[PDB]
Amino acid sequence: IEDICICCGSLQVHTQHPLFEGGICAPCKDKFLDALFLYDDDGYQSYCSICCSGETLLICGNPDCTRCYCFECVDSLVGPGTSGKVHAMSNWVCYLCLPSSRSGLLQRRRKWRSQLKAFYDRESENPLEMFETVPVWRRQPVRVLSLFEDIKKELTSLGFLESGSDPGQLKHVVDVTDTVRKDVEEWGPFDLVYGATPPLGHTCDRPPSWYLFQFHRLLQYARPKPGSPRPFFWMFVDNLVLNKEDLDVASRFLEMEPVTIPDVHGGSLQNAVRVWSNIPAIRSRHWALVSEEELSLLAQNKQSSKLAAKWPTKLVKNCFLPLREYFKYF
Amino acid sequence: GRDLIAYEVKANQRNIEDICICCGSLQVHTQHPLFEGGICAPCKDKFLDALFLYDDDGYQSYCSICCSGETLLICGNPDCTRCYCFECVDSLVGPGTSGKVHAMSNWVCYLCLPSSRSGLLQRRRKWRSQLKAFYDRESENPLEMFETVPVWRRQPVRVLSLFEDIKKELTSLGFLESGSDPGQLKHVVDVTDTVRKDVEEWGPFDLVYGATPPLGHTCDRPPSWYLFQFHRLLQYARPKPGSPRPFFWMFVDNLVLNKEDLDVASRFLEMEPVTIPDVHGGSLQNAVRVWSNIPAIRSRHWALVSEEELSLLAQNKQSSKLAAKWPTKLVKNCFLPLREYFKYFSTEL
Amino acid sequence: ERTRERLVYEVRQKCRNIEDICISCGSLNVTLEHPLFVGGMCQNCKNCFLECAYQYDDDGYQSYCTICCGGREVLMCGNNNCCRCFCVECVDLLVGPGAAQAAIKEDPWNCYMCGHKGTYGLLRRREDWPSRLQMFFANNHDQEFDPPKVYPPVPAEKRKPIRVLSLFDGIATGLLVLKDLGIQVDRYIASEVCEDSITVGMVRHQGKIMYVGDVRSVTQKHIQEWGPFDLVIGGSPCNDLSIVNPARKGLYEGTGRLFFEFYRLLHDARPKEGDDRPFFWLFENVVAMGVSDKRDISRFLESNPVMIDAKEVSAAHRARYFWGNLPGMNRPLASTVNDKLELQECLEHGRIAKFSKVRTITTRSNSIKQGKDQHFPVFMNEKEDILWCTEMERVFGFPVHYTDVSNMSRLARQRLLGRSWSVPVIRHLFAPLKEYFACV
Amino acid sequence: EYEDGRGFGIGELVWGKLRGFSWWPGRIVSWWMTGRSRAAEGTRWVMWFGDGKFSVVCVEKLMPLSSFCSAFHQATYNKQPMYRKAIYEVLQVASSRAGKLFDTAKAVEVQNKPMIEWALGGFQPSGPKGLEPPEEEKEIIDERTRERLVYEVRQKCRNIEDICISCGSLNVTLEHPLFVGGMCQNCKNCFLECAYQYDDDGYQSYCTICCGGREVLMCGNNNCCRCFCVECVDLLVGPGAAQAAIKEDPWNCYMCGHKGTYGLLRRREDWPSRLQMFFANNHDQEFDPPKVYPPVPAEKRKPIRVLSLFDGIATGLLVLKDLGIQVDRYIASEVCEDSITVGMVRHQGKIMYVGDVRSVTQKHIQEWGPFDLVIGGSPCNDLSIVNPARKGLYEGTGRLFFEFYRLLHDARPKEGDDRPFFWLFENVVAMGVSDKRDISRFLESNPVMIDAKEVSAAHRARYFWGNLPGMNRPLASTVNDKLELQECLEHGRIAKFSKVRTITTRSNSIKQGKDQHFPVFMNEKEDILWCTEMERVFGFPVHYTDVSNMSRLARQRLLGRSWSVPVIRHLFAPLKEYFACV
Ligand SMILES: Nc1ncnc2c1ncn2[C@@H]1O[C@H](CSCC[C@H](N)C(=O)O)[C@@H](O)[C@H]1O
Ligand SMILES: Nc1ncnc2c1ncn2[C@@H]1O[C@H](CSCC[C@H](N)C(=O)O)[C@@H](O)[C@H]1O
Ligand SMILES: [Zn+2]
Ligand SMILES: [Zn+2]
Ligand SMILES: [Zn+2]
Ligand SMILES: [Zn+2]
Ligand SMILES: [Zn+2]
Ligand SMILES: [Zn+2]
Ligand SMILES: [Zn+2]
Ligand SMILES: [Zn+2]
Ligand SMILES: [Zn+2]
Ligand SMILES: [Zn+2]
Ligand SMILES: [Zn+2]
Ligand SMILES: [Zn+2]
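Chains as they are written, first to last, in the entry's author numbering: chain B, 49 to 378; chain C, 34 to 382; chain A, 473 to 912; chain D, 283 to 384, 394 to 429, 469 to 912.
Isolated chain B, as found in the complex:
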């Protein structure tokens, strides 16, 4: 079991399998790592949770479960003929959701999140600040402190907030210049801090660095109590409006590379954003082919254009997908 890899069957193993019991090979690590929490445009895990192959997927029937499996994985590990039964099942309860741990040759490790954290920390040559996943019967509703624009609709469309809910969880202030430590603490605890610059073509008398600097300040007032397992995450998205010096300043203040998320339609690029984030599996979303010249000319054409400044709600859709595995979904 331990001496034989379960991802691909190789006899050369290096450590215990992260999710379940069994072995794993070095290419199996790297392939899992490249899609450790990558999510597609459908809102679910892009690849398998074990073999990390997107060719075959098994959507879990549990409304609180998203992680899928593969036909080959279930046929080879659980046993032949189980794939058809799983596919034909109207309400399939996967393997990790239900408390049973023995199913054929597949053994479920109790408290998988601990060793997942351990392996993520022991592997990450380029790590990122991140908190342990909360179990299904211990998650809490999200608290968000929005900046400078309406942000509630994206969260409600993502299930993090409900229509008609009280404004005690989301606070939207365009004039946070007057904020005080007392004001921040009387708003209460916050788990996600979200901010962005207005879309290109919007009048802005104040310098753009405004929306950066105060954001950082609020982030520093929103840091959790030291030593708490509190899952606090933040990110900052810019619509290519800051200059290169400002980009360097933001990258240094956030201690994060500017991972961009371009949107290409029909082979042509019409809009792009730059993201500074600590969310896991966001470096895999980085695009290295984009260069400064075409994004700059597109931006200048955007100021030169008459079209109204429309905020790209679709590009930030993939940012909050992994947070489903952390917090409540309604």
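Treat the hints with care, as some may be off.
Stated by the list, open to error - Okay, derived cross-link-like pairs now, PhoX-like style, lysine-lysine, Cα gap no bigger than 20 Å in a straight line:
{"no.": "1", "chain 1": "D", "residue 1": "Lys826", "chain 2": "C", "residue 2": "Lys354"}
{"no.": "2", "chain 1": "C", "residue 1": "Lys350", "chain 2": "C", "residue 2": "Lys292"}
{"no.": "3", "chain 1": "B", "residue 1": "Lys230", "chain 2": "A", "residue 2": "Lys621"}
{"no.": "4", "chain 1": "C", "residue 1": "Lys273", "chain 2": "D", "residue 2": "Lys621"}
{"no.": "5", "chain 1": "A", "residue 1": "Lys826", "chain 2": "A", "residue 2": "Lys841"}
{"no.": "6", "chain 1": "B", "residue 1": "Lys273", "chain 2": "A", "residue 2": "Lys621"}
{"no.": "7", "chain 1": "C", "residue 1": "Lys230", "chain 2": "D", "residue 2": "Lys621"}
{"no.": "8", "chain 1": "C", "residue 1": "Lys350", "chain 2": "D", "residue 2": "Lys382"}
{"no.": "9", "chain 1": "B", "residue 1": "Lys230", "chain 2": "A", "residue 2": "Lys783"}
{"no.": "10", "chain 1": "C", "residue 1": "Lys354", "chain 2": "D", "residue 2": "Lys429"}
{"no.": "11", "chain 1": "A", "residue 1": "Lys744", "chain 2": "B", "residue 2": "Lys273"}
{"no.": "12", "chain 1": "C", "residue 1": "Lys362", "chain 2": "C", "residue 2": "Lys350"}
{"no.": "13", "chain 1": "D", "residue 1": "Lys841", "chain 2": "D", "residue 2": "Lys826"}
{"no.": "14", "chain 1": "B", "residue 1": "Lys219", "chain 2": "B", "residue 2": "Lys200"}
{"no.": "15", "chain 1": "C", "residue 1": "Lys273", "chain 2": "D", "residue 2": "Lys744"}
{"no.": "16", "chain 1": "C", "residue 1": "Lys292", "chain 2": "D", "residue 2": "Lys721"}
{"no.": "17", "chain 1": "D", "residue 1": "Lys397", "chain 2": "D", "residue 2": "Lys721"}
No lab work stands behind these hints, which were simulated from the structure alone.
Given the structure of chain B, go ahead and fit chains C, A and D with the ligands onto it with the hints provided.
Coordinates of chains C, A and D with the ligands only, in the frame set by chain B:
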């Protein structure tokens, strides 16, 4: 009252000290130096103007009492060159004696013959230092002048020469014997090798005459050297302090010094260069610049001389191919006041 | 929409109290009282006054009048060592019409604060004006932050050496004041880009300073591995922050960005939640900045600034804002005997200082006739002599010949000292440290 | 005499093409100025108007200078600067003869443009004929005299000490101090002129052997700036030695070398003592020893009265105060504004400046007198032989020396009234031997060559005259002075030089100038000497001349003309015994 002085002294019977003897003015300021009596301010001014003045003939320019060069009388004995006035003799010696003195040929002046009384005339006892006192306390700028020695106490003059020969000039003035030994006059063609000890061991010198070579083919040595060396040699030849013997010097230049070097000479010798012009037919043929210690050197100083005309003359001489000839006449006349200081040799006989 | 003449005309008619009307802008929304003269003064007037009260022209006189605080004309005070100026509207509207040209006729015109007479018609000077002005710059602001935590003194048997992040030290005043005060340092790392500044810090201080080059290149990881730190001081550049420049680059483009870099390092230096060390942090900046920049700085640093003027302890009119939590930053200045206070006392030999407490050190290439006299405060042996560098490094409290390094020209060390902290001010601020800290 | 049918009479100036030489300019003279005997046919006694020694050239290697630019060489002009100074002097003298009229390196490169352009024109105003002499300059020695005497030295026919290694003359009078061999009187004068002649670059101008700089070889190792001419190394050492020396990069000069012999040419083991005896005891006029005064009793030591001509930065008063000698009055003469303001400000104003020395007369000296210590130093800018524009002692700043002489007499007491009196005069060592002889003759005292290398950190070796007690005694190294440059550096800097002679940045000079003008490594990279660096090196107090503005260039050109503090302390030490101390 030029002719009323006799009436004043014989009738009013007043001391001649209170009345001027030179002109007869009642107002006086000090006593007359040469003879006992009074003197007025203009009289003493013109006395200092022509105290040791000399003419081309070698005698006094003006009178020794009234300072008038109209009725000058010669002296029979050559070593005394005092000149008097007909008016002075007729006023104080006595009327009618001037013609008697003039007619008969040989004559001994009152300053020469030891008679202290002659009519109203009277000679001050030990007056020779009284002349020094008069020059000291009756001059706005009494720079430096030495007490003269009598004819019987005159040693032959010992003269140093630098870069030029002065022996011809001295022999023309009868200061030195023709064909005599060079002990009393040694000439230094090149002086850069001398030291104080060797200057001392020629012997004490009463005169240091250093002349820059005339304009023309000037030696490769800079002209300022010709004056710095003379200053150093004069400093070596200075008499030992404690016995101030008569010591004189005369540095003369033939217009080969620039303005800055004239200023440097003025600082070094503490003497403003007395320009000596020479004009024939209204044309300035040549001129020299004299820094001298001998008395009566500023009397001949000419105000009309200007720097631009002298520079034009120097440029003209440099352009011309005239031979290097020293201006003998210009410096020959100036040494006349040393006759009173050094023994006279008669070379004509 | 504003008629100051009508307000003053009805005030002189004994109808409206002067204290119930603002003088600077004539607004009727009176909240506080003007610190200089009797009469009310509105909140927008306060905002404009904080921007102009101590803004001095490089020439050496107040650029704008102290009452109106901004105008296209201004009248220089004829009295020396008194920079304060008034506008023609204020003179002909408060004191009385036809008074400005009369003042111009009097060549030695004395400003209404310098003159002995305290009554000038409707305009009267408050007797206790220095204290009210100090309250204006320190005892009222637009922030209501709670007082910073105070650290109890530690026993002398357990007083450790001090670790200092001296950002933007420039001429390296911080460690010089630390050494002179008697406190020792364990490590002293500073960020600086000027070659002359780092040369002076390395030479005159026997290499105790360890430089990190440009401050933009140091991250939180370096602070984490190079700590723990106790004292963090900062002297952020004021070229783009002071309102003296016409450009007014502000706090959000130019060198003002550097400020926030400081803040970042500060959040990487203060203890997270241990509170086991007496962490101290000091920030210095100019007094003449915009109110927007003022409140942004105050709210980011989470501390109310205190005004310290070098006038009360040295011979320079260098009034500055200090943020931080050193004990008694608002304590009144102490005039120590050791440090000079007067120009004449600290003057060179054979010279006479025709001024007193000079604040003009820039030669301005002899400036103009008006620039003459002011830029020319030294009169030696019947001839004017420009300020010598030894003199101004003496007045700032620095040691004699402190900055004779790297063979700099007169102008290089001119600009080097023109942005330097005053030594006695730093001595005053760091004096409470020796009580809490080890003394060598 | 001197008729050969090939022209080139006495007084004409043309180039020469001697062996291993590339057209060096010079002139033609007779025998009774070079000190050698009669010449022969084809034996043209050449008087190089530049910096070369005295030798002979033949008409075959002689070509008329009328075709100036036809045979001119650019490499020596633009890469070998004493050629430029020789061009200066020869063009000047040619223009003076023709009647036409038109920091040191900067001055020569600025001035040479009009005359070089006029040479390019073709000498149009005067023509080729216009180079005539001014109507006044109009045994046996062969061409290879040195190549023959050396040809017999290694055969042991003639003693090496019996032949001069500088000019090959048989009239050996003294022994060559630095190297073993004979030395003629003309060689003596040339050596006294140009042995310590250090350029602002920081290298000896001429050769160590013959004191003639024509094509010298740089001493590769630091702290050794001495040079060697190609002829001297080719003859004394042997053929091919120059090529081998120039082939290797860090070549060591022979007297700087580790072994005492280099063939026919070997170093003297006692070279320093012999050199010191030379520079102070071969001057060609002998004067009596200076009068010494009895030591005054300790209870009757009056305060010193000092007259400091050409004071500069008041080094004399600084040394007197550092010696603890009370100064009753310190009257100093100075014209430079920076110098006078530094002297007035750094001290407590005791210096009663008079100002211009050319204006003070004997009345001022008598009124301020009596003076019993007169110090001073004449301006060496126009008196040093290192200046290509050397004008002379009798014209220019050198004339001011004579002014000093005047004031010296103005303070010297008479033959009577025997009271203490002391005077001191400082001057450059690298200056003409005739000027030195005249200067020492005017002051009625003989000089002593005091080298600052004994006590100070620099090489400011100067002639000091005067009758102060104990000049002849050797210098003493105190505990509290700095000898090497390392002790004078600020912290965090490494000294590249054991000792320094360069204070002028020379606008980075050239690549060869690098590693010579930048004697300090600060940030593992070269740096220029700081303003306080010359202060510390010269023994001056720290930050002594930080008065007024005084940018780097001004402070450098002011500290370069100042005396050495420990040297003045050594010379003034007896004055503590002979005057008031407290
Ligand atoms: N980008 C940058 N990084 C680091 N230092 C900088 C900088 N830009 C400017 N500085 C320096 O920051 C200083 C601001 S002026 C304050 C100097 C200091 N208070 C003193 O006592 O001298 C100057 O030394 C300036 O050269
Ligand atoms: N005409 C003049 N009168 C007086 N001083 C002069 C002068 N010309 C030049 N000087 C000064 O004479 C000095 C020559 S160098 C003298 C060295 C001096 N003892 C020192 O230690 O600095 C210089 O200071 C120069 O400025
Ligand atoms: Zn595998
Ligand atoms: Zn499930
Ligand atoms: Zn699978
Ligand atoms: Zn009369
Ligand atoms: Zn008469
Ligand atoms: Zn007679
Ligand atoms: Zn108002
Ligand atoms: Zn106003
Ligand atoms: Zn005033
Ligand atoms: Zn010889
Ligand atoms: Zn040689
Ligand atoms: Zn060597």
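Hints, verified against the model:
1. D:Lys826 with C:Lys354: violated (64 Å)
2. C:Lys350 with C:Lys292: holds (18 Å)
3. B:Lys230 with A:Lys621: holds (16 Å)
4. C:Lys273 with D:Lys621: holds (18 Å)
5. A:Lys826 with A:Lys841: holds (17 Å)
6. B:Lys273 with A:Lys621: holds (19 Å)
7. C:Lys230 with D:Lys621: holds (15 Å)
8. C:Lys350 with D:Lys382: holds (19 Å)
9. B:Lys230 with A:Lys783: Violated. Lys230 (chain B) to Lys783 (chain A) sits at ~37 Å, over the 20 Å cutoff.
10. C:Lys354 with D:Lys429: With Cα atoms ~18 Å apart, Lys354 (chain C) and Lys429 (chain D) stay inside 20 Å; holds.
11. A:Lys744 with B:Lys273: Since the Cα atoms of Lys744 (chain A) and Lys273 (chain B) sit roughly 9 Å apart, the hinted pair holds (cutoff 20 Å).
12. C:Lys362 with C:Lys350: holds (18 Å)
13. D:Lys841 with D:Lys826: holds (16 Å)
14. B:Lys219 with B:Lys200: holds (9 Å)
15. C:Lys273 with D:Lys744: Holds: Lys273 (chain C) and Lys744 (chain D) sit about 9 Å apart, inside 20 Å.
16. C:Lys292 with D:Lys721: holds (18 Å)
17. D:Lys397 with D:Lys721: holds (17 Å)
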